[PDB]
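There is one chain below, alone, in structure tokens, taken in the form deposited without this ligand.
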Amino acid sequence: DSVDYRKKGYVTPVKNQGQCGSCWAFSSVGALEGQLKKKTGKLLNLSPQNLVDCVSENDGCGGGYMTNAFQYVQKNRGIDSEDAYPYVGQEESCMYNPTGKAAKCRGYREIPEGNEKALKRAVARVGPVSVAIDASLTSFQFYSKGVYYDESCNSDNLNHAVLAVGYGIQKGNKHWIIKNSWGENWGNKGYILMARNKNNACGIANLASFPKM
């Protein structure tokens, strides 16, 4: 079927990570943002800077994993709102403040590696799923429209994290609907349609996860 969590209110506006390699932190908050609305009914901007600064399990603006993000939130007994811990585009010391807490997490759940059907089901039943992809290519950077496909995409080269907010079909072409963190001027108002069931293009289902809540 077709699912688009943007239309269910499950998705906040597109943010801009800037030069910082904090894509993992935006992906993570995005899956969290969606699960919080699922549980509470309210939609709130969560705080990537919290993750960047405080997930020692990761490398800040030098990269990191989504899972360690989810794991931090659980162990930490929460994550701040954007407003209480605003993004500033650079690593700093952890300034997590329990008074600013907006969301919680019971750990995470991992999609079986490279299984796009498994990713489909999880997106439908759960909500927005955090994924990692090959976003190195010139075609990705200059994406504007359509179902993104590049014959040179490397599934074993996961360099960028994003959020699968849905899936669909355009003109017979199956896709994943993907929220990125390069601002509303990149791509299609910050989003990209990426090829679905085309042999796990760009490693779309290689590193997919969502937080339990």
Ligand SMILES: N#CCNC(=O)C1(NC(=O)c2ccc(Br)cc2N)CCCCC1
Second form
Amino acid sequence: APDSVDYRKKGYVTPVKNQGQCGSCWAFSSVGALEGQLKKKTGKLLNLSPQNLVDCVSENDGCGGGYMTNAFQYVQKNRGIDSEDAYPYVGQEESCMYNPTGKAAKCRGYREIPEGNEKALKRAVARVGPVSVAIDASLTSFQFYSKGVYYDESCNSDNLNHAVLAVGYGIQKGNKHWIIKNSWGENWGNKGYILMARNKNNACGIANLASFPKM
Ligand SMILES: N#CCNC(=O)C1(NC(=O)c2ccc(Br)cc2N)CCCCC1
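Based on the form deposited without this ligand presented above, generate the structure block for the form solved in complex with this ligand.
Entire complex below, previous chain first.
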């Protein structure tokens, strides 16, 4: 696999969004991984609908949390997901109001990266595109992140609490990293992104709950 890759440079990554006061990170994460595969398949990037996921993935808990794999299963079984413009984000859980007329992507299944296996995650990022991941984002250090390759010795890999998107990987100042898209707005972190330590004992649980969609 390459030493580094950044899918933002290849046009696979939409603008940084802002989930607000709803535990919909799983839906943003799932949507970002779908956005990536849409670009790869069609050449054309479009924002997809986290609200569609929040409302219609009956296997998840809406603003009370969810699994990304459950969302990909839904998109596949549903024969599509709507675009953001067709099913705009409202920041609360609702009845399912999916409209097939606003379909902008499909899903042909998904895969899961072997638990905790950072080389495997690296290989999936290289071969596929952006890959949905979950981390411990509870630490004030993570939340105040501004620059550099984030590492905190107190980060707990067994306490996943936040779903984000790995959009590449590499190195900075000799510190191996993952490039992570958050859903806390552009005002957060580095223009909405964080570089997180890679190959440092699976820091923050980065490779503990990773998956990507097929298209
Ligand atoms: N709120 C909130 C934000 N965090 C979540 O959404 C996560 N998952 C759950 O919390 C969860 C999963 C599946 C189901 Br169903 C219900 C759930 N609350 C995302 C994946 C990693 C664990 C944290």
